[PDB]
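Letter by letter, the chains look like this.
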Amino acid sequence: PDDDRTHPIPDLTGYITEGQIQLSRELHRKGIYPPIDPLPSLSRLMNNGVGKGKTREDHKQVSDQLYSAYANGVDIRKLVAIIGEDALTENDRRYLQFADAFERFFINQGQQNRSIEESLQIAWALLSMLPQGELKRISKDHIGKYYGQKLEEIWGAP
Amino acid sequence: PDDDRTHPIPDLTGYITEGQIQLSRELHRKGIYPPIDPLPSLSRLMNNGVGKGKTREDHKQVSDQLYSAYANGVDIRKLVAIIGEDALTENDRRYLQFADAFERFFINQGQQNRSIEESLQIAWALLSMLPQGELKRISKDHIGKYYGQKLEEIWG
Amino acid sequence: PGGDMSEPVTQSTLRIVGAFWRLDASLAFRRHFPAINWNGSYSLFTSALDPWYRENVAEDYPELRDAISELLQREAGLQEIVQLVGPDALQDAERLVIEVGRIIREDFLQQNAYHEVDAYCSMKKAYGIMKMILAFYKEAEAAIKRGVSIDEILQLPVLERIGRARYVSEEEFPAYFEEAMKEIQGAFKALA
Amino acid sequence: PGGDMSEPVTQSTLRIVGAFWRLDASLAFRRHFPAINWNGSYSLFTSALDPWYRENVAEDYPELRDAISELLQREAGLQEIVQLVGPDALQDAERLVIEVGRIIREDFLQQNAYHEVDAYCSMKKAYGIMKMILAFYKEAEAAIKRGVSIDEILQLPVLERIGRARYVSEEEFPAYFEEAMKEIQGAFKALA
Amino acid sequence: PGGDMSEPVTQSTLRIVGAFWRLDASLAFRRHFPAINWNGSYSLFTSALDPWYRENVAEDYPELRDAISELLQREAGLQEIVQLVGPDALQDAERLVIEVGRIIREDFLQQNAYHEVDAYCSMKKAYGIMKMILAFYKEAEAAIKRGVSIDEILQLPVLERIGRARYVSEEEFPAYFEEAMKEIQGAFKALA
Amino acid sequence: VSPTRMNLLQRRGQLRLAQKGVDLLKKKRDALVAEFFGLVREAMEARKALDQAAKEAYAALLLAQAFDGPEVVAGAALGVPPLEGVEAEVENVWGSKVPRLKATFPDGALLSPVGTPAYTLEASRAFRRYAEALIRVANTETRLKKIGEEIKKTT
Amino acid sequence: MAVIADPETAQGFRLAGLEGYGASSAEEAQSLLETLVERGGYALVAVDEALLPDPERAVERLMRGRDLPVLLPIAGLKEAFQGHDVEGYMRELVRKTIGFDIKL
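Residue numbers (the entry's author numbering), protein chains in the order written: chain D, 317 to 474; chain F, 317 to 472; chain A, 387 to 578; chain C, 387 to 578; chain B, 387 to 578; chain G, 4 to 158; chain H, 1 to 104.
FYI, nobody ran anything at the bench for these hints, they're computed from the structure. Hints may contain errors.
[Stated by the list, open to error] Pairs of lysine-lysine, BS3-like flavour, derived with a Cα cap of 27 Å:
id, chain 1, residue 1, chain 2, residue 2
1, F, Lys394, G, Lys31
2, G, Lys30, G, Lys148
3, G, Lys155, D, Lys394
4, F, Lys456, A, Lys511
5, G, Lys155, G, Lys29
6, H, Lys103, G, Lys29
7, G, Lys51, H, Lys78
8, F, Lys452, F, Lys346
9, A, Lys517, F, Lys456
10, G, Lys156, H, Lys103
11, D, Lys456, D, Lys346
12, H, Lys103, G, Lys148
13, A, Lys510, F, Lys452
14, D, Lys394, F, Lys394
15, G, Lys29, G, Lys105
16, D, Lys452, D, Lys394
17, G, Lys30, G, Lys155
18, A, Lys568, A, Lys531
19, B, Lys531, H, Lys103
20, G, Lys105, G, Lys51
21, H, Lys78, G, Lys31
22, G, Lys31, A, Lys531
23, D, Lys452, G, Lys29
24, A, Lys517, F, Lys452
25, A, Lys524, A, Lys511
26, G, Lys105, G, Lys148
27, G, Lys29, D, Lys394
28, G, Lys155, H, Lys103
29, D, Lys346, A, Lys510
30, B, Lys531, B, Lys517
31, F, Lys376, F, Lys461
32, F, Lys370, F, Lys452
33, F, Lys368, F, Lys456
Generate coordinates for the entire structure from the input sequences, incorporating the hints supplied.
Have a look at this one:
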């Protein structure tokens with residue numbers, strides 16, 4: 317009713333349902349559709365459906381790494397406005413550029429229909445901006461198999 | 317009651333009447349009389365009885381410019397309490413001094429009786445403290461006609 | 387009652403109307419009219435009217451409207467820092483964003499309903515004002531990279547031309563617009 | 387209930403009474419009695435008693451009352467700055483105002499209702515205390531412009547005589563007042 | 387409903403329970419499981435359980451648990467300095483307790499409920515882990531007192547042996563504990 | 004403040020804004036401290052270089068006093084017009100302005116290029132180098148002392 | 001720039017082309033700096049630590065309204081030959097600035 321999550325209707329809904337997807341007003345005003353905010357969203361039953369034999373086996377680690385990297389970048393994007401970009405460290409600039417490109421490409425898909433393999437390919441393309449070895453959450457086999465893809469596969473084919 | 321504007325009696329009164337005059341306890345604590353706070357006050361029928369051929373041709377623009385300048389001064393007063401006075405630029409100090417002089421001379425008048433011409437003269441004297449380029453809401457002809465007064469000559 | 391937006395009538399109306407124009411008391415105190423609260427207002431008819439605007443107003447009108455909305459959103463996101471550390475602690479580009487947002491708020495959104503000329507504004511006049519504001523913003527952003535300080539830029543006489551384009555008559559606006567667009571080039575190509 | 391002044395009984399009472407004495411819990415729990423909040427309180431009989439005060443106490447009594455009220459106002463204004471910037475950033479002139487306000491608060495306003503002498507105070511005793519405090523303030527203000535630091539003034543032994551003045555009985559006060567005034571005038575002349 | 391402990395159900399529950407384990411959202415965000423806050427939690431059965439522990443576990447157990455509690459308490463008092471200045475500017479006398487606090491938090495308090503062997507832990511295994519941690523603390527403190535630098539201490543391979551103590555099997559643990567206790571003395575004796 | 008639902012929501016928003024601002028200011032303090040601990044090393048290096056220059060200058064002066072004679076040294080110093088002209092240009096550090104002194108002292112401002120008392124000339128050269136080291140030390144210290152109080156203000 | 005020390009080295013500063021004055025006591029040094037602060041043109045004053053370990057402290061009640069002249073403590077005359085620990089002075093400096101007395 318007033319973007320209030322303490323209202324009885326959203327409060328009692330969370331007592332019965334198995335997660336939530338939350339829309340963002342500032343993403344909507346920035347021209348991004350669909351405006352789904354990855355920070356407050358949560359799915360309780362994600363671990364049973366993903367994994368080897370029902371989807372690709374790198375799903376969970378990639379999702380966790382994306383969550384951590386975006387959560388890191390969103391605060392550097394505010395610290396820059398005070399201390400200036402040239403005063404940041406190198407990894408902070410990497411995270412800032414990743415957090416910009418994430419909202420630019422991964423979320424703002426428009427009316428396009430994306431399969432799971434396409435979304436995983438885009439997610440791996442974004443993770444290649446970060447330096448190898450910073451991906452603490454992903455095992456070595458998946459890094460050796462999927463890292464290094466260019467972002468031009470969606471940049472030059474929007 | 318409890319100086320609350322959202323009490324049902326002031327709310328239902330303001331939904332009917334053509335305006336209100338609201339007093340300020342903060343101005344009363346400082347010895348200013350009458351303690352009328354101009355920001356929450358309002359008069360709906362002002363536009364009918366002022367203007368050319370009724371009081372003077374520059375009434376409404378002066379009234380608007382005073383409101384805008386006073387609001388900027390109040391905002392700068394609020395910001396000073398957080399960042400301190402010494403960090404102010406000259407542009408903010410001009411509005412701060414305008415707000416102080418406004419409260420000490422225009423609102424505070426005692427029991428004396430003022431004609432409309434004296435009030436407009438004082439208002440134009442106050443607006444002369446600000447730069448000429450900051451008077452956005454006043455037409456340039458009125459600025460050329462009336463700008464350039466000094467407040468101290470009236471009392472000293 | 388009392389300005390409480392959680393009133394049952396307000397909440398019942400909010401779920402069925404297609405547009406919502408919220409007013410603010412704080413803007414009305416300082417005599418800033420029409421005092422529409424930009425942060426809590428919306429319209430659901432914006433997307434369906436885009437083919438009409440391209441045919442009748444200009445081909446690039448939705449892009450200009452979205453560009454203005456981006457500047458307003460960026461200004462709204464930066465005021466949480468100004469209230470914390472003061473406006474003078476920000477960088478140059480942030481100060482430019484704040485000043486352009488102030489220009490937009492004072493000149494484009496504001497409208498006097500009792501003035502002889504400003505009471506009615508056609509669509510093409512608003513389009514011209516938005517084009518002027520965006521051109522000034524892009525030129526100032528470019529001049530920032532050349533090392534020119536922000537407080538030097540706001541002393542330019544072209545700011546008066548933008549700030550008083552409201553009061554130009556409907557049939558005199560086409561000449562004023564083309565004069566201001568040339569003055570924009572005449573300002574930033576000689577400042578540095 | 388719980389010190390909430392917005393409750394119906396207090397609001398109904400405040401509409402008919404001519405004087406309002408407001409007590410503060412911030413003063414009662416650090417043993418500053420009578421703990422009257424001198425900023426929130428008011429009286430509507432002050433102007434009507436001036437003809438009586440001018441002939442039964444002294445002709446300049448309201449002037450001293452106003453001169454002390456304005457000093458309290460200025461100290462209250464300076465406290466919000468001294469509580470954010472530290473006691474060193476103030477000028478010596480503002481330090482003098484702070485110290486005079488502290489002297490006023492801890493000597494004139496504070497009264498012990500259980501002491502055998504301090505329980506009662508005539509009008510002339512309070513008038514003498516006010517005169518002594520204002521004379522000390524005037525001498526200290528004159529001494530600051532002569533180049534004397536605030537540190538030298540506060541160590542003068544004559545401020546102890548002001549602090550002990552309220553414990554002097556009604557019979558001994560007319561001589562104590564003259565002795566204290568002479569000591570103030572001598573000590574501020576000999577100093578620097 | 388919101389992670390607040392002022393909710394009436396929590397306030398009515400904590401009045402009568404004998405123990406109180408408080409989970410923290412900050413630790414769950416960092417994937418530190420279990421997310422028990424060891425500052426807000428408490429228990430009231432330790433003193434009554436003390437006679438049972440010294441017969442069935444070890445004579446030293448009640449006077450060994452409090453040493454680790456003291457180590458955890460000393461780490462919490464240094465957070466106001468670590469937040470201001472980075473850990474590398476601290477002296478070795480408290481850099482050592484910072485490292486020992488990290489070792490405790492990541493090798494003893496943390497437990498994986500989905501693991502095959504870490505899901506269950508008997509009392510003697512925990513007692514052996516505590517003994518190893520305290521032996522490391524004593525030897526490292528002595529080596530620091532000799533005059534060695536803390537960089538060479540943190541490179542020692544025995545720190546990984548303490549890290550593997552969680553996943554060792556329940557019946558393999560008695561040999562691993564003896565080997566670790568010999569290895570730690572052998573390594574710290576050979577230090578400079 | 005009148006108790007309504009809208010005011011309660013506004014107060015919650017204010018609390019969240021303050022909570023974000025605290026962490027933002029802590030990050031700013033971390034950046035300032037990282038700058039401070041990098042500047043202190045340069046300060047120490049400049050200080051020890053100044054100490055070495057002072058040692059060699061006094062070692063030259065003690066011998067030059069003996070060989071040339073105190074009256075010759077006194078007369079030689081009186082023949083040079085002393086200079087106070089320096090470029091006290093301002094420097095920016097986190098918005099505040101600090102002086103960064105630059106010497107306008109030329110190598111030709113000293114009279115008598117014919118150095119028959121060669122020890123006096125060498126002492127003059129050593130003292131010029133010592134003055135250069137001293138002004139470099141001052142230029143580091145003026146920034147360090149202001150970064151410290153910026154950290155204090157943020158805290 | 002000005003520099004005050006004992007007269008055994010005052011002529012060397014004039015030999016460097018700089019104004020230099022002699023002082024042999026803390027009272028002489030404080031009187032000389034009180035003369036220098038009311039004087040103009042002085043952008044830098046170097047004061048021996050033997051005469052005054054705190055050159056900027058001794059002027060603080062007159063320096064609150066200005067920022068041009070910088071003040072710097074310099075090494076002693078006889079002490080410079082045997083040297084001193086510049087890394088011990090940095091400990092006191094960092095203790096003055098951040099207070100924790102913690103430095104590695």
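Okay, the hints, checked on the actual structure:
no.	hint	verdict
1	F:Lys394 <-> G:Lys31	holds, 24 Å
2	G:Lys30 <-> G:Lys148	holds, 21 Å
3	G:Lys155 <-> D:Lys394	holds, 22 Å
4	F:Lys456 <-> A:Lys511	holds, 23 Å
5	G:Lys155 <-> G:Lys29	holds, 12 Å
6	H:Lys103 <-> G:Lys29	holds, 21 Å
7	G:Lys51 <-> H:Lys78	holds, 17 Å
8	F:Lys452 <-> F:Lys346	violated, 32 Å
9	A:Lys517 <-> F:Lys456	holds, 26 Å
10	G:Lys156 <-> H:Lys103	holds, 21 Å
11	D:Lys456 <-> D:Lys346	violated, 37 Å
12	H:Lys103 <-> G:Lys148	holds, 17 Å
13	A:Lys510 <-> F:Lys452	holds, 24 Å
14	D:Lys394 <-> F:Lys394	holds, 24 Å
15	G:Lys29 <-> G:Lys105	violated, 35 Å
16	D:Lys452 <-> D:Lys394	holds, 24 Å
17	G:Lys30 <-> G:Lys155	holds, 14 Å
18	A:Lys568 <-> A:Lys531	holds, 22 Å
19	B:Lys531 <-> H:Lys103	holds, 18 Å
20	G:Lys105 <-> G:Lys51	holds, 21 Å
21	H:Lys78 <-> G:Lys31	violated, 44 Å
22	G:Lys31 <-> A:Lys531	holds, 25 Å
23	D:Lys452 <-> G:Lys29	holds, 26 Å
24	A:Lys517 <-> F:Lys452	holds, 21 Å
25	A:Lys524 <-> A:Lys511	holds, 20 Å
26	G:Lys105 <-> G:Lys148	holds, 19 Å
27	G:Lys29 <-> D:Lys394	holds, 13 Å
28	G:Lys155 <-> H:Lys103	holds, 17 Å
29	D:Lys346 <-> A:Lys510	holds, 25 Å
30	B:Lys531 <-> B:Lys517	holds, 21 Å
31	F:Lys376 <-> F:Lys461	holds, 15 Å
32	F:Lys370 <-> F:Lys452	holds, 24 Å
33	F:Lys368 <-> F:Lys456	holds, 17 Å
Going down the numbered hints, you'll see the structure goes against 8, 11, 15 and 21, while the others check out.
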